[PDB]
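Starting off, we have a lone chain in the form deposited in one PDB entry, written out as structure tokens.
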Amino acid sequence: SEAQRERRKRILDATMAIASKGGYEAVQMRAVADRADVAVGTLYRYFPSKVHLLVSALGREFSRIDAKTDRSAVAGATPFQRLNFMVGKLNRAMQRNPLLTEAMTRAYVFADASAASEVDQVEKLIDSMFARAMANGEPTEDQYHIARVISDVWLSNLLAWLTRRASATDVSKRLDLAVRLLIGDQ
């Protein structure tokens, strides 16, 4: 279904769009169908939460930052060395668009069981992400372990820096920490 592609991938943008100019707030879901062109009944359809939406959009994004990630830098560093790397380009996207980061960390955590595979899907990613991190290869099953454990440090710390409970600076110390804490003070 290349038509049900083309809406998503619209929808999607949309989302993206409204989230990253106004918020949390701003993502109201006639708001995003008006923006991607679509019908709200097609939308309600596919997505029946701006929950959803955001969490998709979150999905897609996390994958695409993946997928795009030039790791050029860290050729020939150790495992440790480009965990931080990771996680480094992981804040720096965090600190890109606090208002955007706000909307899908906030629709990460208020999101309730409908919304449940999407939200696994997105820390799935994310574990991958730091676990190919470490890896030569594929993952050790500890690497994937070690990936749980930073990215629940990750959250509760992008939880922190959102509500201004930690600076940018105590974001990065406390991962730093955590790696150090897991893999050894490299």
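Definition used throughout: the rigid core is the maximal C-alpha set that superposes within 1.5 Å between two forms. Numbering follows the first chain given and starts at 1. What changes on going to the form deposited in another entry:
- Only 158, out of 134, 119, 36, 158, shows a C-alpha shift of 2 Å or more between the two forms on alignment of the rigid core.
- Superposition of the core reveals a Cα shift of 2 Å or more for residue 172 between the two forms.
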The other form holds:
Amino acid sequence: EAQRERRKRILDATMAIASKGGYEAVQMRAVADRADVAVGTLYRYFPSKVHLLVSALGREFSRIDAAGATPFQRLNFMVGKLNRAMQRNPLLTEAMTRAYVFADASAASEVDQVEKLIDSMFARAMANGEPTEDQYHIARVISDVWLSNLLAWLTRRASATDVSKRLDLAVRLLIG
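Having seen the form deposited in one PDB entry, can you show the form deposited in another entry?
Just the single chain follows, nothing else.
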């Protein structure tokens, strides 16, 4: 109940800083200072800003975790919520997307944890009860369309609304 408080303050600081100044504002020194932790402690829990941002994203997803007749409607509702959230936080989205661009093997765990989460959130959105294999697969496809189009967005070759459009199109092609 003490390491939990530390992790809490740390991911809090991470989220606030990323929200206020984007990826470039997320420095280990800055986060450590804002979270009132030893820098070494921060590095001991999160070896980089990628780990920080991805863990933060994960926590936010698990918190979002805690509406429709057909799987199409329920999933479109889920995608709609997350999409609204994305558009409501441009700089945070920049931070997360950049984090996923720079995420390598060293962040594997932290990334996997997010996958399992968001995929589950999609799968369980589609399924009445335990989700099927195909529904998990569909979730992963959704996430991939999301990430690719976010890659276009980050480099200013597409807008957030373009991302939204592509996602809706994908949902419809998959389970429409």
